[PDB]
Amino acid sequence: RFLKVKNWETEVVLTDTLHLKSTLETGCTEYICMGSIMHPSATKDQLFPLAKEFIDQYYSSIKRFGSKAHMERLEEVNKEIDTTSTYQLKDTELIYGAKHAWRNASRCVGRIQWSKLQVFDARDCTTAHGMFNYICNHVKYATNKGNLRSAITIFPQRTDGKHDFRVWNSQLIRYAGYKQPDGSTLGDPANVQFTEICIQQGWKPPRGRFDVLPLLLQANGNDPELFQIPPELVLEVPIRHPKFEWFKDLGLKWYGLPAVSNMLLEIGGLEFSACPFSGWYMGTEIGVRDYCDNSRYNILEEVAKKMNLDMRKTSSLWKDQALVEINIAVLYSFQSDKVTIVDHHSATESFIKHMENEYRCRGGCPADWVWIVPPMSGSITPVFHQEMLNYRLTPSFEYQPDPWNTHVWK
């Protein structure tokens, strides 16, 4: 049945019909909502209807549903699943599938850009060296000297589960984290375990606060191999503040390119376990979560100190004030270095415009309020006031197990 969503600030009401096309589970039931749970919980027989569904919607998108080309594609695919227990996507299908996995990503506030995605087909890759070459090309292309461009690189699909392609890095570019003797942590605390795996694998750590991690790449189920991304390919931004002259002295920097490399791309029942994708940052991703999460860089105290704020009571809101200044700094630094970045006001504004576009042309837009609303100043952004329906459309990006839990070494 048709569902309505209201914006409580503008009184705009949209009608969702698109949800009628979803299949696999949200995690919720009529009795229990799991909207804030981060991760809720093939064969020839399972494969064809999934392939059929996908081919059907592809040919429906290019206005040739039921065509001879459509009819023959279905036959070709069925015949191929028959003999090889799988099938291969056409290039046009791969590109359509990747764009729509982004289009369907309910947790992404950046989806107004969804159809401008550069798709790199790396399905001919066979070795970690080949993966490294492809990933370098991606990074170089996507960075584009600061004028960032959205991109995805797609490695060979899963076959028997024993020969998976995986990027072991959760993101292509991240800073190392080190467990110090005294008990504290140097670098990025989120990456302490992964940093230790790289060290355990032969990586010589500079033990700095912003050491770019090496790539750990697994091809065709083999042991992963270490690679250093060439430093000229890694664009970084020193963080400074437009008024606080002392801010530069904090010694902070971040990288310009956000590139998720641990997710799984599902298209027509096919599983692409290595599909690193990248866009550009929303300022709060760095300024709020990376720098101010207690379990991350945790710099609020220091900043509030230099701001000489009253830090004895919570109700002075010293944390909130230091937080805003940090996020001003990040946006100012990127903009000053002409590195693409978006603030949470502009991004959420664009997302409301996108939703309206999608309801008009597509009959809806799956969206996860819990992730869409920014981690600071929530209700002064327009998505706070926007009701959203969340549901799962395919093609899609999914979570998968960390490779160091599933991999049986040499």
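Rigid core (definition): largest C-alpha set, two forms, superposition within 1.5 Å. Residue numbers count along the first chain shown, from 1. Only residues modelled in both forms are compared. First, how it differs from the form deposited in another entry.
Here the rigid core is superposed between the two forms, and of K319, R289, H241, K306 the C-alpha of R289 is the only one to shift by 2 Å or more. In sequence order, 287-298 is the sole run of at least 3 residues present in both forms whose Cα atoms shift by 2 Å or more between the two forms once the core is superposed.
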The other form holds:
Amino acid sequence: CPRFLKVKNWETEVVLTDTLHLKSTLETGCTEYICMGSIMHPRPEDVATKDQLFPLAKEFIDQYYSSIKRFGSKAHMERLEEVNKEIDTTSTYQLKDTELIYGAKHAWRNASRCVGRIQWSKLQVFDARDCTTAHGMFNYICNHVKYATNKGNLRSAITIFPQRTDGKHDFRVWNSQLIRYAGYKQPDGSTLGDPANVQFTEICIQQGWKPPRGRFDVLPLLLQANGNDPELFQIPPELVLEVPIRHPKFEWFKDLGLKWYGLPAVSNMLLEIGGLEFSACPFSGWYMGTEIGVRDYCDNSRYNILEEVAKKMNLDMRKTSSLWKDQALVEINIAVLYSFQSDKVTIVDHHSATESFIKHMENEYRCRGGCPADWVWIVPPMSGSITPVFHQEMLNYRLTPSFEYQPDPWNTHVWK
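Having seen the form deposited in one PDB entry, can you show the form deposited in another entry?
Single chain only below; no partners, no other molecules.
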């Protein structure tokens, strides 16, 4: 590996120099002969053995004491010794509160696919490592939602449940986000509600949930403590801030009956710090408008929102070259942004977010020596080339602490 790699911005001609990639610890999936940059992800018995844990913990503790300008100190050496004794005698170790907070913020700071990382150091960390039951998890999650929502002035936050021990006592949130709408596949094939959530909805109903069978039924929480079987809980509806979607010019848009929830809280990823694995760690921020997945709702039978909007706009839907899909996609995204701003719910448009990210990326190159960034996920899903990330070259690599994918729990769980 060469010591300095350059990235160029082809609009501004600015060149940045990356050295931070020398600190990457996980494989990308690419090789010198093949690039897997567009692959989305390139057993339970296995937890870190003692001998695998030692070097990962040292690397994290070193990095932590380096960041607080205490590298090589008495404090640093005593912590190393203390961690090594814990691993020696218990096969694991416990993070200090300060290291837990540092590790969670840097897992976000290192998330190469996240365009909102300019915010990385303003993360509220909730330590739920004292949790023991699904009821306790529900309590912790309700407080998280209430704190993060903050009556529409959203605050990014993470709640960290106990780390993995032997792999048979994992804490898991089975939801993919804390707030999602149910989806119901009808006998004739059409979809009621959110088609993205049909499978998990079926699991909840299988587990005993009584579905209202509407378009916007907030799913229950499915929570697993200490490897036990997961248990169902209803989020108090007053904790779920929602926004009705309307359009600033099209009076008929509201008649589509659409709304969306304010808080994106992803809960099916894994947080890795110093070799420790926090398999339940829901984190939340606020939305970028393009993320809001209302366009895939069915309006009726075979017409989704995108098509219905085009019909109501009276666009020519016969030929594709009329760009009716593009026109309707813009109007939907205009409606989303206008509705959140009107109700004073935090949201960011893709122009502002990518513009902030470029400034963040420059600051990180200057102050940190690099900024891992996954162009394939950073560029927004519409109007790519008119955002400043499109012509920005990026280097992708995996730093630790990190957020990682993990198997869906229903595939791996051993039912009691």
